[PDB]
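S.K.: Here are the chains, one letter per residue:
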Amino acid sequence: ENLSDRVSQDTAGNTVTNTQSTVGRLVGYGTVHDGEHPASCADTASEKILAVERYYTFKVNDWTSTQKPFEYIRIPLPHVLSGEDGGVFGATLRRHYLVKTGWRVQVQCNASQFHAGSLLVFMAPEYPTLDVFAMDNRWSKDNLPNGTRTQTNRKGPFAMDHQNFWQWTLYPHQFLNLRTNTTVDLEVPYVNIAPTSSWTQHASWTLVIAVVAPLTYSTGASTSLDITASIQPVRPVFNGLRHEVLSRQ
Amino acid sequence: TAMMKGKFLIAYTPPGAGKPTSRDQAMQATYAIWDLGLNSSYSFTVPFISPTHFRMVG
Amino acid sequence: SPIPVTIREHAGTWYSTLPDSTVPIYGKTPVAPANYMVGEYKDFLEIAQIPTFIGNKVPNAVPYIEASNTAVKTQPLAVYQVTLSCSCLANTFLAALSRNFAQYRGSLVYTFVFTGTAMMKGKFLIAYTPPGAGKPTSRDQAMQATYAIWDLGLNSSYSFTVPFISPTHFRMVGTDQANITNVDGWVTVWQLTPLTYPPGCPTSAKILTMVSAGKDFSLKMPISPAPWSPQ
Amino acid sequence: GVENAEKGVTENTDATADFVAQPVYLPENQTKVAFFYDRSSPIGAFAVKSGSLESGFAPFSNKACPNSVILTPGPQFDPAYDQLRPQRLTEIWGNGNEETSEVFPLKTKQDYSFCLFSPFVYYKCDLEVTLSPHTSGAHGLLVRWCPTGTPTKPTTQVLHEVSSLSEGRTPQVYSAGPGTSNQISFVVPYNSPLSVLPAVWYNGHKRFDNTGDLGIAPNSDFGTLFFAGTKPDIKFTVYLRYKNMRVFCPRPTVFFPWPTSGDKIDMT
Amino acid sequence: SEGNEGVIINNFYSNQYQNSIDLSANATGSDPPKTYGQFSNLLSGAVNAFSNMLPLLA
Amino acid sequence: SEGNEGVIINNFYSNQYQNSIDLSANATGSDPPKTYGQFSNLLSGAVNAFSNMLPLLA
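Top line first, the protein sequences correspond to chains 2, 3, 3', 1, 4 and 4'. A prime marks a further copy of an entry chain. Heads up, the first sequence is in the entry's author numbering, so the first residue is 8 and it goes up one at a time. Heads up, the second sequence is in the entry's author numbering, so the first residue is 117 and it goes up one at a time. Heads up, the third sequence is in the entry's author numbering, so the first residue is 1 and it goes up one at a time. Heads up, the fourth sequence is in the entry's author numbering, so the first residue is 1 and it goes up one at a time. Heads up, the fifth sequence is in the entry's author numbering, so the first residue is 13 and it goes up one at a time. Heads up, the sixth sequence is in the entry's author numbering, so the first residue is 13 and it goes up one at a time.
Don't read these hints as lab results, they were simulated from the structure. Warning: the hint list may mix true and false statements.
[What the hints assert, rightly or not] Examples of chain 4' residues lying across from chain 1 (beta carbon under 8 Å, computed):
1) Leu35
2) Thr40
3) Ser42
4) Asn53
5) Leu55
C-beta: ideal position from N, C-alpha, C; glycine also.
Just need the whole structure built from these sequences, with the hints factored in.
M.R.: This is the structure in structure tokens:
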């Protein structure tokens, strides 16, 4: 079973995550979101809402024997938490024009000492997601590695949404290797083209889950491994208060 | 068994909106994630959240 | 009082790489403060050190090799040529970075991540063979060169560094034609002992393979590779 | 050296860790980012329309050799509207558009080299531009540079017999004489209202309407260039040079095809 | 570091002209200077104290 | 000695640009600088000491 300097807890409001097999928290770019006000806004921000700075936990998908290498699932931020599952975060988010935040994630998946396989979990700024910024529905190897080009663009070399997955480890990441761990912990600071974001039309960060070494096991072993995640906005700062977005969807 | 693995979500929901009906609603209240591993138990404390200083026993 | 000048023969030429600036036409323009920004790097060497995936079984590339329950001293699990041109490295950041320079020097790091079951056990012999006598054909010949024994256990990966052994201070990055029996030698992976397991466990495992630059690694003279189309 | 790559960070070594060796470091500065992009590369060939020197400007292209150019290393043009003002694209168009067609030479306009190798998400820099006429005979060229996001329809001729490019207080450059070297050079400042520019992709829309079309962030270029001149038959190459480049957040580069051949590559 | 420039001579154009001007914004804002120049219309006699006063209503 | 150059003026391009850079390698190798710049991903919480600890197995 799981041990000692590998047993770890993280308290967020009224939220706390525990793992008995961690490998540490990878802090991307080596910095955390400071929670500082955007220098481009004259209005004072609403910040430090306790009800907002906690972990939102929901399920991603199911890992099976069938997934092939590099098939993935994307979770666009802040969008995934802008709805009902986003609690007061979502509610506040829908009434502000702009949000500036960092992310702290934990993705979870257990198997046994008789299972073999590994996931790659990474977080990437400006990763190409669905149009509508929603979590992918099923695993896909869609539009890797040359991007999506137009129908007719018969001879085009590639499109700007290219993604050479052979290099996905350039992104802040950690491996969820079944023989080693059960959880992966990442944290990223705020990065964007501007001092704060009009989140409505931009999913600036994407949490990506990909298979790199396919699931293997002998008969009688657990057969499908669920994948869940805990996401927490790190010191979000809101500005430009107005009426509700509404069609939140 | 020592060979088993798993994670539980234990939540405390204050009154007002009824009991949660899915883990997704529970997760909106006070909760903890319990990971199985070397250490056998988990001690969850429900915080005293109340309008009055005391609560009736029975 | 007008000053006399002698016009050089090269009058009027344009040099794509001139170590100098041209005429500014829109001065005193302040920029938009970008001081909140993070994640900046300044030297490619700063990130060339991050391992990316080696492609196995080209052109049906997979990011791993497979260990079996049999140790044939005659059968390498992998054989990589030590050339920043190996089709093997073609998509690693190391190779993509390197293709914009003429020469390299220093250590190459091959990282192996065991992805099998916790219940499996095994030992690998990873060797680097300098050129001169051809590639080794059995673990017995590889074992005569630089090598390491990797034992499976609590710790998941193994970082093997191929030492820069060369007559010249630097080595050419890319190949003109293809490099024979040359290149700079080979990295071969062999099983020493077979993968062993208990009942109820798979009998083969995947080993993730990545490559990166060592702290030693240097690149010089920026150029452009031959243009290509990913498709 | 035994290690645990799952942490997302791996300790770096030299031959020194496992064997009896010595470090073999030697200094070099050609791998700094600024030095690497501080050299000129071409983005395409352009043309001037007949008698543009003395009339209203109008979008037009010679052989998919247009009239104006957006200052950006990313793709733009779209050979299907070679007669419309050019636009930034999210893909590169091959030379032909059907099987039997060819990828090179590309039809769109871009810094193919930058495209091929830009391992960063965002960047900031100043832009040095070089206009090179493909002729060693006299050549007259009028250029109008408009900062990003400003008026780009230099269509109304306000002065009788004067190019409409040559109007206002917007920067205009002109070289034309029997003793010139024909080429033009100048550097433009950084004018995007954005703090830093998306280098490859920008995962967001143009309006809050989410009239869904991701890819490019608005006003993320260095402006537009309009040309008028006297040799409507000579084409000229436009080159970009990134002055004091800064990049943030490493990310992957363009895919390179598996040699379904050897165990090494080459050139071309 | 620096780029590809290795001229001994001092740049003939000064920097504010050769380059863009990097500015930095502080989080908490900055106060405009008090005055943008000395152009101004002036309001005089705005108030009181002094006239053919206190014959004047209370 | 020197070659065939006899200009009074200081070379307009600096040396590192006008000429190649003669370097010298020492027999016994040289240590890379410790760091190539300040870009880095960081691993935190790596170890221990401090939690809801020593209820934790021995």
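S.K.: Hints first: check each against the structure and report whether it holds.
M.R.: Against the structure, the hints:
The closest approach between the C-beta of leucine 35 (chain 4') and any C-beta of chain 1 is roughly 6 Å, which is under the 8 Å cut-off, so the hint is satisfied. With its C-beta approaching chain 1 no nearer than about 6 Å, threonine 40 (chain 4') sits inside the 8 Å limit, and its interface hint holds. Satisfaction of the interface hint for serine 42 (chain 4') is found here, the shortest Cβ-Cβ separation to chain 1 being roughly 5 Å, below the 8 Å cut-off. With a least beta-carbon distance of about 6 Å to chain 1, the hint placing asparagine 53 (chain 4') at the interface is held under the 8 Å criterion.
At a threshold of 8 Å, the smallest CB-CB gap from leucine 55 (chain 4') to chain 1 is about 5 Å, leaving the interface hint in force.
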